[PDB]
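With one protein chain withheld, the remaining protein chains of the complex are depicted in position.
Letters are used for the chains, namely A and B, taken in the order the chains are written, and counting of residues starts over at 1 for each.
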Amino acid sequence: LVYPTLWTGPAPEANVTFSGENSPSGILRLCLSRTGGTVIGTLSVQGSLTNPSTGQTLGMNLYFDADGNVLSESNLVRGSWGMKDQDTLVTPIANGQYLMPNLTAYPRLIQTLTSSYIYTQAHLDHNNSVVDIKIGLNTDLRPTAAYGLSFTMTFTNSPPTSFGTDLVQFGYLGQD
Amino acid sequence: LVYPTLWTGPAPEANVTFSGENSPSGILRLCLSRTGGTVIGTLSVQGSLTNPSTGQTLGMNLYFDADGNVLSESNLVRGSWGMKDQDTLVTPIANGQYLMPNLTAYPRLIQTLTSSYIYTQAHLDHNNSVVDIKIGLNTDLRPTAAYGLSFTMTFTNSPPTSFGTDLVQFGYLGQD
Partner (left out) sequence: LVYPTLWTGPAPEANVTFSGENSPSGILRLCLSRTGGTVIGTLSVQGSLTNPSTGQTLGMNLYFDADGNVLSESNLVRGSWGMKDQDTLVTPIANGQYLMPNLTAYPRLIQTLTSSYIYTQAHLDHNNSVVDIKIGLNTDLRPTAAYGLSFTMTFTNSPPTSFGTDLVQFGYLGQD
């Protein structure tokens, strides 16, 4: 048993709208691969807010069904998520559940467990400005969702109009 | 060749006894998977100390035999370390050596090599306080032990009565 790889594609186009935004104004480069029990995530985000949002934090939620497909309520455009085949996405995902966060380790809708979060930080293009990122495993999700993956970015002060981050990695326990 | 996965299970109960403590009062969520020559670890820790520990540091040591079994003298109760089968533990570990720290990269009982340590840090439930973890590969071990992982946690001042960390990750070169 070798597991599939779920991703947004290597070099995707604008594929994420942010809270209170009309059209998609950011690119999310997410990719999940697995060995043994462990899923490994790689992440990089860049966007530009069309409005100066009065708030030091800004977030972005992924919600998945039982097979690992992204649900429409997510901040990611459905089109931009699938299985890795070479340098492309394969659209109808199969056996995605294996790359999702383990439901016993990271119980659904329980926000009070530190053990279900990953705190990390990413560097920003301009200056040595750092963004804190907080990833939430199964913590933030809608009734319809089976799994989840929340990304919350806090800025040193007020978010810039435009930003790109570096490549940030993370690991967590896979389901099954 | 596909390697096995060793872990404390996905949602273990109290399973570590901290130095100077009578009963297990801490939960260690550890998991080691592998591809190629690299072993990937995920760590998350929660504890509470029945007495107020006069000391900034707080450690816990794992000692393994040749097959990758946790030895009695470890801070982990040995009932709580096994192979992954779905969400369960399998108690006779077979071929665990592949997840142990490479004996040539990280020689036994040589504490003077920086290359044998991983310095990382975790976030603590309360505020955002950090705690510095220092994993030591084969550095701290008993005579009878074959391999070792030692975790030391330095708190910014004095350890709290109770605490839970986020999910931390680390990689190292595997044996064989």
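Keep in mind that, in the parts below, contacts are C-beta pairs under 8 Å (C-beta built on N, C-alpha and C of every residue); 3 or more make two chains touch, one makes a residue touch a chain.
Only one residue from A:35, A:75, A:102 or A:115 touches the chain missing from this view: A:35.
Across B:18, B:64, B:163 or B:172, the single residue that touches the chain missing here is B:172. The missing chain lies against chain B, touching residues 1-2, 35-38, 40, 102, 104-105, 107, 113-119, 137, 169-173, 176. Within the entire complex, the positions of chain A that touch the omitted partner chain are 2-5, 7, 10-11, 29, 31-35, 40, 42, 44, 46, 84, 86-87, 122-125, 164-167, 169.
As a convention for this text, only the chains that are shown with their structure count from here on.
Measuring from the averaged C-alpha position of chain A to that of chain B gives a distance of 28 Å.
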